[PDB]
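Other chains of the complex are left out, but the ones given are in their true place.
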Amino acid sequence: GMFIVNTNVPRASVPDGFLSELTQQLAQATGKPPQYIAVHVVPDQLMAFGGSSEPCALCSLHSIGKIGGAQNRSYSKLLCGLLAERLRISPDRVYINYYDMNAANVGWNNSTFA
Amino acid sequence: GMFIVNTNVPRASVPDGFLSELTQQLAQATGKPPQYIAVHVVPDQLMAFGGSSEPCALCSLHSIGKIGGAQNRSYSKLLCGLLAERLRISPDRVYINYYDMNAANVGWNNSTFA
């Protein structure tokens, strides 16, 4: 699983341990070992959501499987919850793109997962 | 709609208001209310296009629908036009990836659009 977060929130506002919490919560949520989970936080971005510069986030979750209608719906609750509580970003100023990656299309350790 | 721009152009060369102009032009171009449009500009990047370090840009437009052969062709005119005029990037040093997102795959405000 790979979670990326781009946000206008300053680096200083990213709580220590945020990456750890995301790895842990996403591991539970997807049912994958934490060791397979990679997380990326990109703060201080030049962004606008709806033409406003208020705190917002553009994210994406890539996963070989574990992506689907109902699952994505609960990932959004989990993720928006985390972003709201930890980064103080309003849930309606967050977009999360979900990608069900094919194993043959995910390279890792000199090969792919196919 | 979500528009991202990665470019080697310095932050100082990004005109104030560029994010607003993008929001407005993309809203018109896609026929979506400006409030649904999110824009992201990432300057000062370590990039190379064709092996050259001259100003270039790697972009992506994600949209639930409003993506297609003809539409994408005019988006490129609009976007390359804006990048050329506002960031002085030559149109032939710009790649834009278009993504027709499924509503069930776009999370927002604790749920998805499905």
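Per-chain residue numbering starts at 1, and chain names A and B are given in the order in which the chains are listed.
One rule holds in what follows: contacts are C-beta pairs under 8 Å (C-beta built on N, C-alpha and C of every residue); 3 or more make two chains touch, one makes a residue touch a chain.
Since all chains share one sequence and 2 are shown, how many copies form the whole assembly?
My count of identical chains over the entire file-defined complex is 3.
As a working rule, only the chains that are shown with their structure count from here on.
Where the centres are mean C-alpha positions, what is the separation of subunit A from subunit B, in Å?
Computed from C-alpha means, the inter-chain centre distance equals 20 Å.
Mind pulling up the subunit B residues that touch subunit A in the complex?
Per the stated touch rule, the residues are 2, 4, 11, 14, 19-20, 22-24, 34-43, 62, 99, 101, 104-112, 114.
Taking the touch rule as given, give the residues of subunit A at its contact with subunit B in the complex, in rising order.
Spelled out, the residues of subunit A in touch with subunit B are 6, 45-51, 53, 56, 58-59, 67-69, 72-73, 75-77, 79-81, 91-92, 94-99.
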